[PDB]
Amino acid sequence: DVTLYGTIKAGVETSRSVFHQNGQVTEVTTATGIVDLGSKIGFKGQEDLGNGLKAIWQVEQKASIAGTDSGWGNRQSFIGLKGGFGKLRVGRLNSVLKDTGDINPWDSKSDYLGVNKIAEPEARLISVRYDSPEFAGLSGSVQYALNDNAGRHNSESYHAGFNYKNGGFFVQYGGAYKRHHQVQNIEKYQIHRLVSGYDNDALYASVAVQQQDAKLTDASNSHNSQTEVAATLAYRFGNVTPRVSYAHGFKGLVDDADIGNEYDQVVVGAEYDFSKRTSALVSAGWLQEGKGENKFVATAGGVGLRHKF
Amino acid sequence: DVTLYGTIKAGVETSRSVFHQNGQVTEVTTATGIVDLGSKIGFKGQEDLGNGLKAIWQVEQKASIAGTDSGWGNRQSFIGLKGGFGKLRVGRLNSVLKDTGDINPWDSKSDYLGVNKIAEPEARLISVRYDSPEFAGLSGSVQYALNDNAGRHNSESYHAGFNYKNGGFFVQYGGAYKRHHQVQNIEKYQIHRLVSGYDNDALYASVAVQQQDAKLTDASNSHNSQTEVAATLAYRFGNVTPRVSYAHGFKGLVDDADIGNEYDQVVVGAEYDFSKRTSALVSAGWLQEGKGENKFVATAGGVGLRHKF
Amino acid sequence: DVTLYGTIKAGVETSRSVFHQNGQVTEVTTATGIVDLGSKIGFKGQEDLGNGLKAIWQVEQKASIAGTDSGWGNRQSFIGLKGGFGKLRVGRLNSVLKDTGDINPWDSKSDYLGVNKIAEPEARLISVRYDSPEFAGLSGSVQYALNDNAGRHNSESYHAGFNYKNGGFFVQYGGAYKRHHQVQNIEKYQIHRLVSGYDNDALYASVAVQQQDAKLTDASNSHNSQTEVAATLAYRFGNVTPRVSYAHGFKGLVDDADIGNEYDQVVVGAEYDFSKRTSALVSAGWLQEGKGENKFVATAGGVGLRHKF
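Chains as they are written, first to last, in the authors' numbering: chain A, 2 to 185, 189 to 313; chain A', 2 to 185, 189 to 313; chain A'', 2 to 185, 189 to 313. A prime marks a further copy of an entry chain.
What the hints contain is simulated information worked out from the structure, not anything from laboratory work.
Each hint should be verified, as a subset may be incorrect.
The list treats identical chains as interchangeable, and a pair is accepted whether it falls inside one copy or across any two copies.
[Unchecked claim] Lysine-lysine pairs mimicking BS3-like chemistry, simulated, CA-CA at most 27 Å apart:
| hint | residue 1 | residue 2 |
| --- | --- | --- |
| 1 | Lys99 | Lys83 |
| 2 | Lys55 | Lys312 |
| 3 | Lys312 | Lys41 |
| 4 | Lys55 | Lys99 |
| 5 | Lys118 | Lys299 |
| 6 | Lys83 | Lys45 |
| 7 | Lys99 | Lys280 |
| 8 | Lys99 | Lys166 |
| 9 | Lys280 | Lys312 |
| 10 | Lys83 | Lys312 |
| 11 | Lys83 | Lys41 |
| 12 | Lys88 | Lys41 |
| 13 | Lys45 | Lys312 |
| 14 | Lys41 | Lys55 |
| 15 | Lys280 | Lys45 |
All chains, full assembly: derive it from the sequences and hints.
Written as structure tokens, this is what we have:
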């Protein structure tokens, strides 16, 4: 009882990114060409061990059409058991935050053709997960990743989240805490994301907020944190499924008063569905980041085909 | 409706390459051992979307037995739609020239066990392709690759070709044009290849000519171009299928008069067929390159097994 | 007639490695976290060609859950024919020594959770193999790897082995000879391993001895060789299968008298079997290496899940 599964997706995209410097336009960087949107092929399977305890595993990989990908299991792969008790898995895993919201429904490579900039913190990691069974629309999940798997200048992280559905309604919560962290160091960093909306058929709408907190190792040890929000909504007419999403990131908070710049973006799109599996898509995007006076503004257009087999 | 397909092929080969320097033999480089002939495994699938419009995709990879290969989609992989209208595909593709001739029927790793030296220009690239349906034995194809996918010091290329069959007879044409190009720069480079022959069952024979043209960026801006030809023929007796191919490359043309050397090669071989899928092969090759006075001459022998599943 | 096969295995492990320096403890290096035990996915297939001659191939790869693996065919992959005559294969192969003993039944990544230190010489290589059919419990195998596949500072190696079973009883022999060899050079190096034991159902016990001989390129050209032994035994109660293995490496022999240190290790474990395919495992290990006065001592604990599909 094994399954070959995958998704194949690519198309043509184009961008332009205009720089400002407090007076007038500094430097443009146009580009256009064909990109793969993130195709993957994976294998998964399960075995019935009896009394409703079942064993599960999967190995999944990035299979870019362009041939740029390499390696096995670069995506979500694992081994675990599943049961009335729940489903426990270990392996490399989507982090609990990443499951939380379809923050980005888009298929695109470029960062201006989906609400990508709020999903940078979502990740996959080597960890243990307990995923809860659903009672009345409540489910829950927690996972952990030990220091040694994280590394020398990184510390164990904890992730937890909860999920709620009452028919159309839903709400989801996901959070993360890491003792220590570093970049080419910050401490006691947490992130909490909450999403809610309505998704019955013929009606999708959602909004969620991400708050991130980190304490800088400064010689001022300055608290910092950054907030962002996003709203997406689409309704499906017949075979055609228009959608649009918006996102803002308020200025970061540095030692005290907001010092960092804020970024606004909006994406408008459609997908036409040939079949449940094959659907063909079209996108266009706008982003302005940083202050109004000395900014950065970019725009892009994306069209693509997707086949899930 | 997915398919696992592949070809597995390897065997023992051996070579020797003797250098001359206008007087007498300079330096020999013998080598012998086992090589993989280029095994691949791929996945492909299609879905019927109705009214004879069908959606297709594939991801294909090099799967060398020796373990030397790495990555996903390093070979011809794509997503496209197929129809009465034609078949349009996008992704990484065999170039239209590469489909043109079975210039090399051989399986070998070494370059002296197939007519490899006329197939150096065949390639695969990230592009769009329109492939024509067949009316009376005519089909046609065109594809394009944009500057950005090509790169910083390379320019979009255009490929076109046409195909003809009347029973045994066939003829094929394939061409390529690229505005700009570079090596660790040439311009306005084109190549045209024409092949024709007869291939019914029990009779294969073919010949084709490749003309290549490039203008050097010189401080003489000197036109250059190079011509080559090849003839292959094999006939099948029962289960055994002898074949032989020959190839010559006339001297290149440099600024004016031919300055470059010309290379002659000939390959003689056989394949015994266990089954439609498994066939076992044997080869021997000769190549002399460069001038007669101060040349390079090499020879080699190849034996192999092939299984297409 | 193709098969997707594989094994998926991972779990949590932990170690500590204490160093001594002729007086008292120098330096400890603790580590704990989750490791993949060596999962693989492969494809294999065969075709009946008639009169009991069958053609076989396989391509196999390391598919670590953590995503650390890359490439195709990194494990045992080949193409060969199989028959009443025997089975001949060529490709990258397990070496004949490696097939000889289940010297290591363990699943672990760490080297202290299986009898790993006697299996360092087992390898895989690009070679030809003849594997013998079984008459009365005798089978035999030989293979060869040519200089060029081995490399510039390595020389062809020869491998041979024989196998015996009379019901519970078994005995196996495997050996290797290589003319020349090098490290970042030794000569005329051989290794011989003999294993015997009893394995009917509900009773496994085994012991084997590995002798290795190499002549150093020294300006004393000093003969050297090293011996090691291992014993493993497990019996299966119902669904639970305790096992324990021990290993010692006598001091190496250098020019004359034993100069090198000897390493002792012992591993104790169990596996609980959910199903023929899925089984869950638990391990604990001890190793002391080097002399008693100024040693190295390490210990570790391993728990894991395994699914063979």
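Here's how the hints hold up against the structure:
1. When the C-alpha separation of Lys99 and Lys83 is checked against a cutoff of 27 Å, the pair qualifies only within one copy, where the shortest distance is 21 Å, while the shortest distance between copies is 36 Å.
2. Within a single copy, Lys55 and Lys312 get their C-alpha atoms as close as 26 Å, and across copies as close as 14 Å, so both meet the 27 Å cut-off.
3. For a Cα distance limit of 27 Å, the shortest separation of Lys312 from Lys41 qualifies both inside one copy, at 9 Å, and across copies, at 23 Å.
4. Taking identical chains as interchangeable, the C-alpha atoms of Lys55 and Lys99 lie at most 27 Å apart only when both belong to the same chain, with a minimum of 25 Å there against 34 Å between chains.
5. In this assembly of identical chains, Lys118 and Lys299 lie within 27 Å of each other by CA distance solely inside one copy; the values are 16 Å within and 54 Å between copies.
6. Only within a single protomer do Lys83 and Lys45 lie at most 27 Å apart by alpha-carbon distance; the minimum there is 14 Å, versus 29 Å between protomers.
7. For the identical chains of this complex, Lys99 and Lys280 are intra-copy neighbours only, at 24 Å inside a copy versus 35 Å across copies, given an alpha-carbon limit of 27 Å.
8. Taking the closest pair of Cα atoms, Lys99 and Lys166 come within 27 Å of each other only inside a single copy of the chain (18 Å); across copies the shortest separation is 55 Å, beyond that limit.
9. Proximity of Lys280 and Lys312 under a CA criterion of 27 Å is satisfied intra-copy only: 9 Å inside one chain copy versus 32 Å between copies.
10. With identical chains, the CA atoms of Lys83 and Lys312 are at most 27 Å apart both within one copy (25 Å) and between copies (17 Å).
11. Taking CA atoms no more than 27 Å apart as the test, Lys83 paired with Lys41 passes in both settings, with 24 Å inside one copy and 22 Å between copies.
12. For the identical chains of this complex, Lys88 and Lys41 are neighbours both inside a copy (24 Å) and across copies (23 Å), given an alpha-carbon limit of 27 Å.
13. Taking the closest pair of Cα atoms, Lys45 and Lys312 come within 27 Å of each other both inside a single copy (15 Å) and across two copies (12 Å).
14. Proximity of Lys41 and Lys55 under a CA criterion of 27 Å is satisfied in both settings, with 25 Å inside one chain copy and 21 Å between copies.
15. Taking the shortest Cα distances, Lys280 and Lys45 sit within 27 Å of each other both inside one copy (21 Å) and across copies (19 Å).
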